Amino acid sequence: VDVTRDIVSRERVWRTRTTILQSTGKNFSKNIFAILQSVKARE
Amino acid sequence: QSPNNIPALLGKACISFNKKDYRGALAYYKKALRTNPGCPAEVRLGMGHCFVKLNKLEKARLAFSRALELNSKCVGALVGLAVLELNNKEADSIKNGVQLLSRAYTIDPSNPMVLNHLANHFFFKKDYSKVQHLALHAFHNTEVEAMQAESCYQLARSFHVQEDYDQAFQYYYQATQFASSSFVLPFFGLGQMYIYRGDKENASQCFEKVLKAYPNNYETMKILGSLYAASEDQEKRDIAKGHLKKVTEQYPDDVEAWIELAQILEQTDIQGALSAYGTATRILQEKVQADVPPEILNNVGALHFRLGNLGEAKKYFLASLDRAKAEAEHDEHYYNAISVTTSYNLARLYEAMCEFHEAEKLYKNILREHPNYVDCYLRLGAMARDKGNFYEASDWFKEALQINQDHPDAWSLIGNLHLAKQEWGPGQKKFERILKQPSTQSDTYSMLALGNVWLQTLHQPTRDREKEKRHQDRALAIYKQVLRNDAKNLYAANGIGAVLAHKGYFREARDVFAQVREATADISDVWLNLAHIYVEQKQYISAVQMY
Amino acid sequence: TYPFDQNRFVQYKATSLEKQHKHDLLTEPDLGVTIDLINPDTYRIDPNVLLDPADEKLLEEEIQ
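Residue numbers (the authors' numbering), protein chains in the order written: chain Z, 218 to 260; chain S, 158 to 704; chain V, 60 to 123.
Simulated from the structure, these hints should not be mistaken for lab results. Note that the Cβ used here is the ideal one computed from N, Cα and C, for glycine as well. Take the hints with a grain of salt, since some may be wrong.
Unchecked claim - Here are the simulated PhoX-like pairs of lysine-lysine, each with C-alpha atoms no more than 25 Å apart in a straight line: (1) V:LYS72 <-> S:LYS482; (2) S:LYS357 <-> V:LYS81; (3) S:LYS593 <-> S:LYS637; (4) S:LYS645 <-> Z:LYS257; (5) S:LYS637 <-> Z:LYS247.
Stated by the list, open to error - To list a few chain S residues with every Cβ distance to chain Z over 12 Å, as calculated: (6) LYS188; (7) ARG463; (8) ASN493; (9) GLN617.
To be verified - Label pairs and their computed distance ranges (CB to CB): (10) S:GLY582 <-> Z:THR235: 41 to 51 Å; (11) V:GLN70 <-> S:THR192: 46 to 56 Å; (12) S:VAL318 <-> V:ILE104: 50 to 60 Å.
Please take these sequences and the hints and turn them into a complete structure.
Shown next, in the form of structure tokens:
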């Protein structure tokens, strides 16, 4: 109905699900994938 | 061959002038007035125009003056002094308008300079008729780009205040396209014209050159109101921050400046948004004692919801609903819908009070009047989930999919219910496949849920049977997938460290958990998983404290 | 969000940014003079030469 688009337009979402999982700092995964490959070097 | 007369070398100096070398111009131009050949064309005119360059104005005035004494009929001296006194408009208005301009119009009514200047004067004198009489001729009679750029620009500002914006848009574009490096008002005209007709994508691009020109208070608000910065888009958001702290210290009758301050601050620090709303509450009271619109007050209560200021957040929602009631006739603005979402926020607040009774009341008030809404339909379900799973919790959740099967949040919450039934472990492939339709994909939350239901399979005596080894490597594959699509997820890295710790690499685990440890300490899982490593080195005196 | 007016129009106006601009004189690209060695049929170099006080203070580049 008009109420649905009427509300979901005017509000805002600053807090979702997905960026909870993502960290507020910058933690890249190269270090993570480097040790991922390093344990594979033990394999 | 023959340096026996000066206009042989003065033609060098006009070339030098047009190469922007006014020094090389005036070097030969000194040789003009020492000799002064037969020149009714006033070598002193170009003298003054070089003195117009690089602000040698007092020499320019004297050159145009002696040009007028040799011949008052000549146009260039009078228009030169006309532009020279275009600096002061509130001071010496009349002599600019009539003596400096209308006399040039008299001695030549076809001079596109004086036509352009009477045009912009008539604009400021609010004579919007004869500006369009003579700006067309000011366009046709000139043939150089910047002049006809200014002609199109002035016809554009004429039809802009006359709201003939379709034609004036074309004039603005032609004004930009003729001579662009001259000056930036045609760029501003196009950018604000892109607010017409929804053309605002080019407004940002065109207004960027205004900041490339030079920053001003003006050129903040255009990019601030024209906020393509929605979220995680710093190319419009960092510049928004810069303009907002370009205007916050200022006050060109700042009213909404704090509103679009805090409007990006809700992603950022909340206290900045609080402060913006604080003086924004005030700023609506002094020009007229006007009550704050309830959208502001609801949002500041929403801020205090994630703060400790829960009680006055409730007071904000109450007075928000009252001000929406004070919006008695505003179904255009739909104060009723604003009250709907305000009541949603207040019921969420009553949940924070653990006043689930009144939360039920507000929720059923909204759903009995807007049953199409889903979030109220499931927060009720979440409330009964706090009581338990097979309640009408689970059924509100399933009917939330019945009203909206496209809804990924509720659909995730369906399997979230099934997390309680871990015996429904391998069955969760199906109930977390339903919206693995690629419209919903990518869903990091759900695929990490797949990883988690896949890891709870572990610590079984079947690893030696290669079954949990395959499960470990399958969870590893999920974690590699979420690794590549997101380096900065932390629950992922927790999962990698957990599965490799189940692989017996505990020296290889405290490091990867250390990363998410500085990333955020406020993950309950990593506290446990680190101390498991500690007791695996028998480091109890490092472990139980963190327990 | 706030229901902002679409600011498709100027009333402040930009006139602070407008009259600060000093406007070029490019009526004739060789700077408003016909460049000719034939139309000087006359010459002040003959007795007597003429040079106004304004003309000497324009014969200097920058001496103030």
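To see whether the hints hold, each was checked on the structure:
1. V:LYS72 <-> S:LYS482: It is violated: about 37 Å lies between the C-alpha atoms, which goes past 25 Å.
2. S:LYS357 <-> V:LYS81: violated, 30 Å
3. S:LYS593 <-> S:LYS637: Holds. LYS593 of chain S to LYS637 of chain S sits at ~18 Å (cutoff 25 Å).
4. S:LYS645 <-> Z:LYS257: holds, 22 Å
5. S:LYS637 <-> Z:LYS247: Roughly 12 Å separates the two Cα atoms, so the pair holds.
6. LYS188: Given that every Cβ of chain Z is farther than 12 Å from that of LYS188 of chain S, nearest at about 66 Å, it holds.
7. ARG463: Since the minimum Cβ distance to chain Z is about 8 Å, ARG463 of chain S lies within 12 Å and the statement is violated.
8. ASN493: Since the minimum Cβ distance to chain Z is about 8 Å, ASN493 of chain S lies within 12 Å and the statement is violated.
9. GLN617: Check passes; 22 Å lies beyond 12 Å.
10. S:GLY582 <-> Z:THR235: 41 to 51 Å: At roughly 24 Å between Cβ atoms, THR235 of chain Z and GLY582 of chain S fall outside 41 to 51 Å, so the hint is violated.
11. V:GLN70 <-> S:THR192: 46 to 56 Å: holds, 54 Å
12. S:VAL318 <-> V:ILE104: 50 to 60 Å: For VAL318 of chain S and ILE104 of chain V the Cβ distance comes to about 56 Å; the hint holds.
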